[PDB]
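First, one chain by itself in structure tokens, the form deposited without the named molecule.
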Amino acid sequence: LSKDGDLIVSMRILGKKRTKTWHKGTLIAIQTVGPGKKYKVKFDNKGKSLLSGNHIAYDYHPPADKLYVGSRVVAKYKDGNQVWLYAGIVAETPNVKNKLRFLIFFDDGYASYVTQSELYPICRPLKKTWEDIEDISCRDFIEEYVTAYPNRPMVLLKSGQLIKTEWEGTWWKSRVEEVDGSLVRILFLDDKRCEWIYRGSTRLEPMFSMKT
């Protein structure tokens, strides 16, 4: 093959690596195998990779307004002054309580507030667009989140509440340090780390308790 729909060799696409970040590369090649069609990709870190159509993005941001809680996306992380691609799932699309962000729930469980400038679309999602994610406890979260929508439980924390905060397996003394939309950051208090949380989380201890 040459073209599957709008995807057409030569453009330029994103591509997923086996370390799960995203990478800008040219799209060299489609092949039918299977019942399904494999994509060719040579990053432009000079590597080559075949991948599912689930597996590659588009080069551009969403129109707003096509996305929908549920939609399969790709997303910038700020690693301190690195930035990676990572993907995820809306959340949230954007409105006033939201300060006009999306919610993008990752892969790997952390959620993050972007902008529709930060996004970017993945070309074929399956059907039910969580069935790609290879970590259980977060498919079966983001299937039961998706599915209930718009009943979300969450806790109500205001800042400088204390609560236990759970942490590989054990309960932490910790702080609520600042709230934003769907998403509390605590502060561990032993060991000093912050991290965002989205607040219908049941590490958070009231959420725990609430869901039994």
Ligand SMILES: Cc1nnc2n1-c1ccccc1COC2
Contents of the next structure:
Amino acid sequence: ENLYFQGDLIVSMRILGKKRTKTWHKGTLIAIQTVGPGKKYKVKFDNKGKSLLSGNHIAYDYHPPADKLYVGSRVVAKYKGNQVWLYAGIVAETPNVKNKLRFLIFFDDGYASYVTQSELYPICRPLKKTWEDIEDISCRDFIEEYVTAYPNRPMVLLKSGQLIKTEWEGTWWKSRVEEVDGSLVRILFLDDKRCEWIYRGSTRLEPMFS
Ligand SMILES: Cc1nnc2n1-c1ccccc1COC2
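Return the structure block for the form deposited with the named molecule bound; the form deposited without the named molecule was the one displayed.
Below: every chain and molecule of the assembly, starting with the one above.
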């Protein structure tokens, strides 16, 4: 059937849709379709191109209220070289004193960042197990364990200057802790002389792996 209304969604509304590139873009909801128990949402992107999307691949074009964001909530967030995209992830932390009132996001590709409320958008129809549409099995299983074990979160305590081994492309590299920010650590890879922010509970940090 063709619907005009479905839950709080209405045909003609502005919305965000996931493109094939895996980045999210503004568009208009032009149709809602049912096929038995299933629902699909037709989006016309601002470039005139159209996709027929599952409800976990559209997001509201507003910032979620804080009382609607939980650990494990499925969101689209602002993602950082010198460019900014909108990319899907999972809420890992909500605002508290220790994180300076920010949200910790674990993005689907394995990146992590702190963001503000104004950098988040809620996915319209998240899966019951919100991690189940994370493409990479290793990423997906990590999130399942993290979200379900929460608030039990083993983490390594690290200090600036500390020498550790950090994983990259499947092997261990000599690295140094450059700075710490809440549950994230900035690691300098010593051979390459570039940095990455990594979650302190990541098994990419050799002390966590052990
Ligand atoms: C693996 C892994 N180790 N620490 C993290 N992850 C992860 C899994 C899935 C999505 C995002 C991340 C990155 O931040 C959290």
